[PDB]
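As a plain string of letters, each chain reads:
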Amino acid sequence: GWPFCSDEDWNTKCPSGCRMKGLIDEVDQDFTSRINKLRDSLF
Amino acid sequence: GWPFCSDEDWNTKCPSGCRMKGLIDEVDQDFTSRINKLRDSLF
Amino acid sequence: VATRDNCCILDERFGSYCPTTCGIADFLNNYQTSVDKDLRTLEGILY
Amino acid sequence: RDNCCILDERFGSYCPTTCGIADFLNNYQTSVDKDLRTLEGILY
Amino acid sequence: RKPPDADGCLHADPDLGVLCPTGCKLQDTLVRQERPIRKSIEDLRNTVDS
Amino acid sequence: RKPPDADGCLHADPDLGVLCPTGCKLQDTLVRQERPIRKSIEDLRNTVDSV
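Chains as they are written, first to last, in the deposited numbering: chain Q, 35 to 77; chain N, 35 to 77; chain S, 2 to 48; chain P, 5 to 48; chain R, 64 to 113; chain O, 64 to 114.
Treat the hints as calculated values from the structure; they're not laboratory data.
We put the beta carbon where it would ideally sit given N, CA and C, even for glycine.
Mixed in with the good hints, there may be bad ones.
Claimed, not checked - Straight-line distance between alpha carbons at most 25 Å, and here's what the computed DSS-like set of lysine-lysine pairs gives:
1) Q:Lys-71 / S:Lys-38
2) R:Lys-102 / S:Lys-38
3) N:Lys-71 / P:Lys-38
4) R:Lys-102 / Q:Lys-71
5) N:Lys-71 / O:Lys-102
6) O:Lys-102 / P:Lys-38
Said to hold, decoys possible - Listed next, the stretches of chain O that the computed footprint assigns to chain Q, with coverage defined by at least 3 CB atoms under 8 Å from CB atoms of chain Q:
7) 79-86
8) 91-102
Said to hold, decoys possible - Pulled from the structure, derived: some chain R residues nowhere near chain Q, Cβ distances all over 10 Å:
9) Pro-67
10) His-74
11) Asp-76
12) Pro-77
13) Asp-78
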């Protein structure tokens, strides 16, 4: 039950690296899947 | 249920900053307390 | 690589330096917003 | 004092990792603990 | 969906606990991932704009 | 005892979760704490011998 962050906490306090790797991978999967759908359509 | 880290993982995967701050706080409280007790035994 | 000249807080007893996860999150946000825009644009033309 | 180590403009200012923090903390804690123990041994 | 977590490992010492990728590892991943995505998209754009 | 955790805060964006001190904040903390602790020990050594 940590205190809620303030905008001033950013850069002094940062997210977990495991969380960031999860989000990075999710974005990569979304983009690769969307690129493949566009490729399938165009050619 | 993460896999156990290997010796090779160190420096590429690291502990939570919140955990390290907790450990740093604990060490400082220990040393501060011990220094005060040593001062009390001397004067 | 961090050096006395390009890193004012450098203390080598602490090992090699890296971006923070806030730097990572900010890069990811900029990259995701940018690429998603380009994609939506193509998806609107083709779909 | 938290924006003076920007080694790549795309990624912000750099810092040591928490592995570096943990290794430093281990050496510091054990070093100082031995020094305190020597004093505590003499006085207690 | 629950926010995703990836690539952690458990250290045997409970005080260290779960270890996560450093900013250096995350930066490497992002730089490498961005390359083909950006190039693929420029390629698609060039085809659509031709 | 259970492993201590300190100085986390919960971010407004549910995807970011709990934020923790960076390596720079942790290094600053340690650099500032070590100086007076080491100095106190040097002073105690002088006190013991003059004791």
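Each hint tested on the structure:
1. Q:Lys-71 / S:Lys-38: holds, 16 Å
2. R:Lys-102 / S:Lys-38: holds, 15 Å
3. N:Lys-71 / P:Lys-38: holds, 16 Å
4. R:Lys-102 / Q:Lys-71: Given that 25 Å is the threshold and the Cα spacing comes to 16 Å, the pair holds.
5. N:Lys-71 / O:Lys-102: Between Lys-71 of chain N and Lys-102 of chain O the Cα gap is close to 16 Å, so the pair holds against 25 Å.
6. O:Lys-102 / P:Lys-38: Holds, at about 15 Å.
7. 79-86: Since 7 is at least three, the answer is holds.
8. 91-102: Coverage by chain Q is violated here, the residue count being 0 at a Cβ distance below 8 Å.
9. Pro-67: violated, 3 Å
10. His-74: Given that every Cβ of chain Q is farther than 10 Å from that of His-74 of chain R, nearest at about 13 Å, it holds.
11. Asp-76: Label holds. Min Cβ-Cβ 18 Å, cutoff 10 Å.
12. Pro-77: holds, 17 Å
13. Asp-78: Its Cβ never comes within 10 Å of chain Q, the nearest being 17 Å, so this holds.
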